[PDB]
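A.B. asks: Residue-level listing of the chains:
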Amino acid sequence: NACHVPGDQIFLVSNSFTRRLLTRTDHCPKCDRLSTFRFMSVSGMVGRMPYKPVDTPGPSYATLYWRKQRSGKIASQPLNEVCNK
Amino acid sequence: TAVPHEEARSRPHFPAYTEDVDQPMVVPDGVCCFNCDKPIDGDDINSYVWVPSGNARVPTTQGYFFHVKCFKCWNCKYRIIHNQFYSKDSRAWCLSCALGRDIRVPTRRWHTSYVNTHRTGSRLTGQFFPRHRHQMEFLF
Amino acid sequence: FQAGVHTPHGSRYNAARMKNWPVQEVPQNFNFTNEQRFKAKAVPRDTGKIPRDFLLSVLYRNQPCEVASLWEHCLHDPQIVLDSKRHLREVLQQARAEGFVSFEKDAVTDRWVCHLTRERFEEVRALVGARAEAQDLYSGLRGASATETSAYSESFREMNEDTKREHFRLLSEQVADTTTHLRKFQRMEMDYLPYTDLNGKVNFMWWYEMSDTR
Amino acid sequence: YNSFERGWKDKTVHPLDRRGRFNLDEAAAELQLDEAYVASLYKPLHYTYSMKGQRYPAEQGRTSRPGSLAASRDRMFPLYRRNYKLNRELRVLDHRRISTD
Amino acid sequence: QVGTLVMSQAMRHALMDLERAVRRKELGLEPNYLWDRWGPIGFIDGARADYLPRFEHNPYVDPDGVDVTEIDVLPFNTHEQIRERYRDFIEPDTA
Amino acid sequence: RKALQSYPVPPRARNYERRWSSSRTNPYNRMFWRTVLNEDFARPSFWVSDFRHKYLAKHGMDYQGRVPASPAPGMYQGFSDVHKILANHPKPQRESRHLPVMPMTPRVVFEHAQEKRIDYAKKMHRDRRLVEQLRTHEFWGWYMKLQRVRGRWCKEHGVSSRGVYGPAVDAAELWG
RNA sequence: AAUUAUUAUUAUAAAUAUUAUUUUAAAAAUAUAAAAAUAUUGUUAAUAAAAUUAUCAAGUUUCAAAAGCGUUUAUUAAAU
Ligand SMILES: [Zn+2]
Ligand SMILES: [Zn+2]
Ligand SMILES: [Zn+2]
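Going down the list, the sequences are from chains A, B, C, D, E and F.
Following the numbering used here, the numbering of the first sequence begins with 4 at its first residue and continues without gaps.
Following the numbering used here, the numbering of the second sequence begins with 13 at its first residue and continues without gaps.
Following the numbering used here, the numbering of the third sequence begins with 373 at its first residue and continues without gaps.
Following the numbering used here, the numbering of the fourth sequence begins with 90 at its first residue and continues without gaps.
Following the numbering used here, the numbering of the fifth sequence begins with 50 at its first residue and continues without gaps.
Following the numbering used here, the numbering of the sixth sequence begins with 18 at its first residue and continues without gaps.
Heads up, some of the hints might be wrong.
[To be verified] Listed below are several chain B residues computed to face chain E (Cβ distance under 7 Å; list not exhaustive): (1) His79; (2) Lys81; (3) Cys88; (4) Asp114; (5) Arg116; (6) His123.
[Said to hold, decoys possible] Here are the simulated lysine to any residue pairs, SDA-like style, with alpha carbons at most 25 Å apart: (7) F:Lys139 / D:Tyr169; (8) B:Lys50 / E:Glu79; (9) D:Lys141 / D:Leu182; (10) F:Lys162 / C:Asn571; (11) F:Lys101 / B:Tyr29; (12) C:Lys556 / C:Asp425; (13) F:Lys133 / B:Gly112; (14) F:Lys71 / F:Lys140; (15) F:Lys108 / F:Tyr72; (16) F:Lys140 / D:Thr152; (17) A:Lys33 / B:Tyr29; (18) C:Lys391 / F:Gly180; (19) B:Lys50 / B:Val70; (20) F:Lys101 / B:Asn87; (21) F:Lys162 / D:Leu113; (22) F:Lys133 / E:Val117.
[To be verified] From the derived model, a few chain B residues whose C-beta atoms are all more than 10 Å from chain F: (23) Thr13; (24) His17; (25) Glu18; (26) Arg21; (27) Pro24; (28) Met37; (29) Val38; (30) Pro40; (31) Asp101; (32) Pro118; (33) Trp122; (34) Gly138; (35) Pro142; (36) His146; (37) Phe150.
Source of the hints: derived by calculation from the structure; they are not laboratory data.
Using N, Cα and C, we set each Cβ at its ideal position, and we do this for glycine too.
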């Protein structure tokens, strides 16, 4: 939902920061500096549309496949925790 | 894409914002002009015309790279009309000259193509989000 | 994080305590309803530099390390900046996406091994260098009688002749017992504060110092 | 509008873009970009280069009135005077560059 | 003026191609002077003739890293300091 | 309507006609495939396609080689607006051996006036982001001074900035 | 174009500026339609070529009558 010079992140955009939507400026963690991000794809909405369920627009078939890699197959590390504290 | 058929976009012919979370699609560091061979600024700029020919790999880790001013036909030295070029032995040749034809001067702008910069003209095609089976979605 | 709320009792993880958070006891009758177990929106953990600079110095020591017994190592460092098993795993997701660590199931076994990725491997080697360069300053023995540990210079060099792998074995549990005494008389208490960047993403700025209680 | 009476005033001038105070020429010195040029980037291109543009009539400045002296368009708007060195140097083709004989 | 030749833009691009041919054999490489493939029909190599008041968007590029620019040829103004600098190229061989 | 012979270069977009056809853009990519694919489409451009008829006569053969481009010096000397009795090539030369020079027709000079106003545009953009990557680049660098000076002040004044409650509502890591 | 009006005058070129003209406490019509169970043409001279949509905006089939694809001031077995 936003990438980098070489990396990615994720964020739901409001109405107020619609200007910064296409390309941002942010701290790229695969670096130590602010670097301009892009908008590789959508991941939902910041609020409800009238008369519609919680996931009115739906994230995507795409941004889900990005999620199913981040959370997804964590089977490398249910060790050190699963959801507990 | 995979997008079996009848699911791709129809009126503009292509979906906006090719999501590419599978492979990040960044400009490489060992990058260089195909036509000129001078190293290219990493990513801070749109002085380079980055043609990622879908998945390319061979021209560079990603697709061919050209500074906006090295994007001319090498043999005839004018612009690449309608931007279809012909990679002749690692020096982009104009299709008409590279094809044997000889009409060797255009009308509008001679030594600089009409091209877009940094793939912005090449993102009408190639590698939309579901670039493969990608069934990891609905499987458990 | 409290003893009996999200976690079973007695699981008071002996790691960096959060600052000002009073650990209070809950009766051993407690249990959420079948739905409150799940609402429970936790507090987000720092994954920034100081944990990611501290975790990697661990995984640089124990280069191939079974993930299961990884947490039992970060507890051992005097500079543990990690609140609990949850914080480690979230940092371990961060450092995973950064490209620093790379889990591989240890083919001969069925457990993954946090391998420091060869891509950014030469970065952490420098990174572990600066901290050690800046850590040996503090110790009151480094500088008072440097010759007390000049007995160590030769030994460990000639130790690596016969039993280097067996030397540090006892040294490993030795520090594990001596870092606990410290961790009873001082811990790195983490005081955090939220803040909103120009892009409206509320996140927390952190810092850590050592609380002296004795 | 914290006015209580709207007008040509108390219309909060920039209820956004809070990162004010840009020292262009100071910043232009870091980029080594001809301080006179950089400041021109940040005003409508009508005002600096020899481009077709639309000017407001009060901006043009009035003849010498009984109430006020002749207020030329420059002495009231100094940083809008076109710089025709900077135009020519950038936008027009010099005899030199095509002198063939 | 005494001897300072009025160098048209065509010249200061003909004196660039000469200087670029010097630097090459000053680098030790082969000085492939452009106008020694230039014959009575134009480029003998059957190539498109490179016309001299060359556009600034078609600068002659040699992938050997030779620098010649306006700062280079402006001192070679008068007749004398080229007949000795580019002696080896402007002069034909009669042997 | 401003006859095309007035424009320095003939116009890019060429509007036509067709009451029953509404689309601004000329369909290129069709005018391109023909021409590239079919040799004949574009008139031979006399010279590069003469020089046969002069090889065949003087050599008894088809030329059977790639014809040189850039017409020889001395050809088409009476012509004045060649541009068609050629490709768009320049009027070749005099019958001389002087180095090739573009005869600065009103057209060639205009192209110079583009490749300077192309370098002009790409330069006014290239250094907007160069100063835009100071303003926002330094605004962040300064904003983090703010969250630091706010970070320092919010510890001595003890404003935890996390609600009316004490941290004992935080330590639960519930909502409350 | 009667104007400071519908109004990017598209000859060019370029691509991240936090460039800066839009009153206001209601229901009728109306312009208009978000939302929403059944029904599917019973409405009508006649449904189906009839805005946009991330729920990604596309009816299928048969028969009869009907040429060229250009071109028209009441737009077609007009006139080419
Ligand atoms: Zn990055
Ligand atoms: Zn290039
Ligand atoms: Zn060519």
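A.B. asks: If a hint holds in the structure, say so; if it doesn't, say that too.
C.D. replies: Tested hints:
no.: 1; hint: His79; in the structure: violated, 11 Å
no.: 2; hint: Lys81; in the structure: holds, 6 Å
no.: 3; hint: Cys88; in the structure: holds, 6 Å
no.: 4; hint: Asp114; in the structure: violated, 10 Å
no.: 5; hint: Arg116; in the structure: holds, 6 Å
no.: 6; hint: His123; in the structure: holds, 4 Å
no.: 7; hint: F:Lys139 / D:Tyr169; in the structure: holds, 23 Å
no.: 8; hint: B:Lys50 / E:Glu79; in the structure: holds, 21 Å
no.: 9; hint: D:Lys141 / D:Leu182; in the structure: holds, 18 Å
no.: 10; hint: F:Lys162 / C:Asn571; in the structure: holds, 17 Å
no.: 11; hint: F:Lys101 / B:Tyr29; in the structure: violated, 44 Å
no.: 12; hint: C:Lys556 / C:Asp425; in the structure: holds, 24 Å
no.: 13; hint: F:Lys133 / B:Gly112; in the structure: violated, 32 Å
no.: 14; hint: F:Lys71 / F:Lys140; in the structure: violated, 49 Å
no.: 15; hint: F:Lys108 / F:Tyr72; in the structure: holds, 22 Å
no.: 16; hint: F:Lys140 / D:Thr152; in the structure: violated, 39 Å
no.: 17; hint: A:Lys33 / B:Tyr29; in the structure: holds, 23 Å
no.: 18; hint: C:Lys391 / F:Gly180; in the structure: holds, 17 Å
no.: 19; hint: B:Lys50 / B:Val70; in the structure: holds, 18 Å
no.: 20; hint: F:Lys101 / B:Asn87; in the structure: holds, 22 Å
no.: 21; hint: F:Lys162 / D:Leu113; in the structure: holds, 22 Å
no.: 22; hint: F:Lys133 / E:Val117; in the structure: holds, 20 Å
no.: 23; hint: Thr13; in the structure: holds, 22 Å
no.: 24; hint: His17; in the structure: holds, 23 Å
no.: 25; hint: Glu18; in the structure: holds, 25 Å
no.: 26; hint: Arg21; in the structure: holds, 19 Å
no.: 27; hint: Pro24; in the structure: holds, 14 Å
no.: 28; hint: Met37; in the structure: holds, 21 Å
no.: 29; hint: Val38; in the structure: holds, 18 Å
no.: 30; hint: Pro40; in the structure: holds, 21 Å
no.: 31; hint: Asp101; in the structure: holds, 17 Å
no.: 32; hint: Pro118; in the structure: violated, 7 Å
no.: 33; hint: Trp122; in the structure: violated, 6 Å
no.: 34; hint: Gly138; in the structure: holds, 17 Å
no.: 35; hint: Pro142; in the structure: holds, 27 Å
no.: 36; hint: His146; in the structure: holds, 32 Å
no.: 37; hint: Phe150; in the structure: holds, 32 Å
Consistency with the previously given hints fails for numbers 1, 4, 11, 13, 14, 16, 32, 33, ordered from lowest to highest.
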